[PDB]
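Take a look at this one chain, the form deposited in one PDB entry, written out in structure tokens.
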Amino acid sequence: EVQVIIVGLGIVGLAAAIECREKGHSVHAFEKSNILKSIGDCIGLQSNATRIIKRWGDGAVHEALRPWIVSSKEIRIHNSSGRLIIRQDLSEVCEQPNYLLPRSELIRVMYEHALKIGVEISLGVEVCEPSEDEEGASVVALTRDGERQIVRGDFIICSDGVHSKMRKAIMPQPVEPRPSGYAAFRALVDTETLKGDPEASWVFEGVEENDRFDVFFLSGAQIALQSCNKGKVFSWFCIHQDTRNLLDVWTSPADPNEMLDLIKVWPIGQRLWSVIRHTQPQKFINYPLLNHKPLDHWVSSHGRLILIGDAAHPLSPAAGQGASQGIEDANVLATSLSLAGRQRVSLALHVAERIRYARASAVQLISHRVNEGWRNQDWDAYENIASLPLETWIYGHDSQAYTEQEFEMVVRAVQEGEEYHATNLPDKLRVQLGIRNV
């Protein structure tokens, strides 16, 4: 069988480990940090990701995620007066299960399942210096004491995220992401104090039957507020202007009073603050929003290393499709591997790339267009960021069925040196954004 080395066990790394293991390959994954640690807030997983997860363990992971199934029927969008300006229907977006849950709860479920099916995992191991010949690939596993050990396999999956040193070490970016001037406050609300605060009691209305999903458009502030799992968890997100050179990390605490000043001058500010103020000061995150440009390649020159997830195509955590596209990366890669075999590993990596590239790039450039904008307080139907790009061509898409159907055509385009034109995204969208094939 094929020996797979996975660097980075975030969401995408864990999914690739499970997807490769379930499709019959040997998997050794490395992670430098304690990942069973409660950090960050909520991740959303849309239908194109949950139909992939549905296959894991013949439904077992889906069943473990069942309390996190989204029950919202609409997105209720308001102006700064509190007036409901738009409802966005979710009956088709949620025809199939969507998930919304803390990142730490999703990491734990995926991680427990990866061990159970025999993924080999090494925590507390920083991986560096990839190398590849035409018969295999290798990485150097570092321990904190200075020790170096060569680890060998058939190819390397770099899922080490937005700060991929794997990417730096191989196919680095010419210039840094440039700061957009916007950042994102985001956090889990503390529920044990949210309860018993009577001025906040209003947020519990109906959350047992329909998870809250409210959005607020203010001047220089886009705010969302969400419940999941029958009101056991509340999260919130506020996009706002910021010129400071922040670090795009997930541990730098920020001053809650900045958020209070943003909203208190508006008639809706008091209601919203009665919830937001129950955030643990340790958990208040101000996360800069950078625009990353698509890479020229995800696969290295010798075909035995591939960047996936945030290493490949970092999206705004306000995309809605960030983790979902990464889970799609994993399934397509593992499906390509099984159709190719151990004698055609480099073929499999090049196929997965042609299948994923234009789609992932379209989500990248769309979700930034919808995030980018200079709207004033009359916010209209299609609209400057409302989370309305729930397109069926995104959430209704079955990436594994597409890979099985297209695999021989892509292989033909690889081997004959021609361009593959994926149809897993609208044709017009490619030309409108200027997507150039890999």
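Positions refer to the first chain, counted from 1. Whichever C-alpha set is largest while still superposing within 1.5 Å between the two forms counts as the rigid core. Compared with the form deposited in another entry:
Annotation: the position in 257, 173, 251, 193 displaced by at least 2 Å at CA between these two forms, with the core superposed, corresponds to 173. Relative to the superposed rigid core, the position of the CA of residue 412 differs between these two forms by less than 2 Å. Annotation: Cα of residue 375 displaced by at least 2 Å between these two forms, core superposition. Once the cores line up, the CA of residue 57 ends up less than 2 angstroms apart between these two forms.
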Second form
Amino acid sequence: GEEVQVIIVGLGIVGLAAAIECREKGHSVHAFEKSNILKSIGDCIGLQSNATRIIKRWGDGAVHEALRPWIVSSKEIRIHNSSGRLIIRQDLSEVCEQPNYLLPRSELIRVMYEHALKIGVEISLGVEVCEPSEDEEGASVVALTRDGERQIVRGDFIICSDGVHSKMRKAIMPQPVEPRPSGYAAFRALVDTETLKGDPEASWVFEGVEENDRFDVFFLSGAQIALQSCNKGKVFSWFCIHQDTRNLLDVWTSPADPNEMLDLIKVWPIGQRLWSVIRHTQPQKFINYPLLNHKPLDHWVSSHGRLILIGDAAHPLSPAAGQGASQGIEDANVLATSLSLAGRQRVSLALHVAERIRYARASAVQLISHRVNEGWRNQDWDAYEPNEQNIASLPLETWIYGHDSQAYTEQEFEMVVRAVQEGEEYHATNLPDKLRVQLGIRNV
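Instead of the form deposited in one PDB entry shown above, give the structure for the form deposited in another entry, please.
Only one chain is given; partner chains and other molecules are left out.
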């Protein structure tokens, strides 16, 4: 009477959620990660209510208590024009009915990493996983260490949560499709809180932040800028979507030129005010990340049903929209629930059930987000003032953030099993009926 043996490749946000979900539900987990995931890198990650619904269950509420300093307290989004005038206050009252988090990525990683070690996930860092294989009875990978040693590692199935540049994707989709550039990029960073404090010209940014997180949006010709705070003003973060036709690589490590941001904003009346804050970004923390459009894959599960791509390995989203991490956490929760309902003798059924629950929903978020940064609702600001028309409603969509993916999986498991095994199409109701046919989403 043994436990299911789960191999996880990659401990970004989704791999760590997968590890915690699987272990909490009684399965044995060996996770593999090639780098030191604890180094501070990136800026802030947003988690909406569909993700925090899931996180709240971890450790009878332990991870939620650890994340409590990061609960979003913004009551509205304040939308401004290039003079800095406040045009519209968009109410966040229903979006914030249930908890949302905003926090540096590395602090999220740390909290999940420590919880995973506490509940008995086995973690191997400094391990590049490659050469996965599978049959009707099990799966294995090669664990390659930095000294060149190879170790074969066997388990019941492999979770590929190895990010947008996934090398495991080959094992499922042989020929790779290249994402299409949108012609837009995003400047983004954390601000150095210590030098931001002590600059009088930037003092305005702290007003109110101890009771209501800042969430200011600024629409300039050629730049859409958002400035947010969190944890009572201990962290400030900003981003700026601008036009960029350069051949930029989509990684989080390359140095950008801060003067490119400055030149873009200083020519409008509100530029000096915004720069008084943004100037306190550390020089080697300026990221300029291209917003690429990834087409949904044809499927996520391998031929023998023992490998599944889940997070950005399955459905990369640009940081522009705000559902990337949240959707990946739903992947881990639906998969772990599916594996629990199906049992150890029905692993391939478990993976195929989870893919059919998640595919159309995740593809719809992915396809809508294309129209957000490759197109968008950006008008001539010489003639129009910004308003809610110009705020990508994706994080404000109740059918995304109100969803309870574990409840759905439990209520629908047997109907999905029936479709898998009878070879019928499963029409999931965890997205709007009109949406699937409108976006051209074909069922797996």
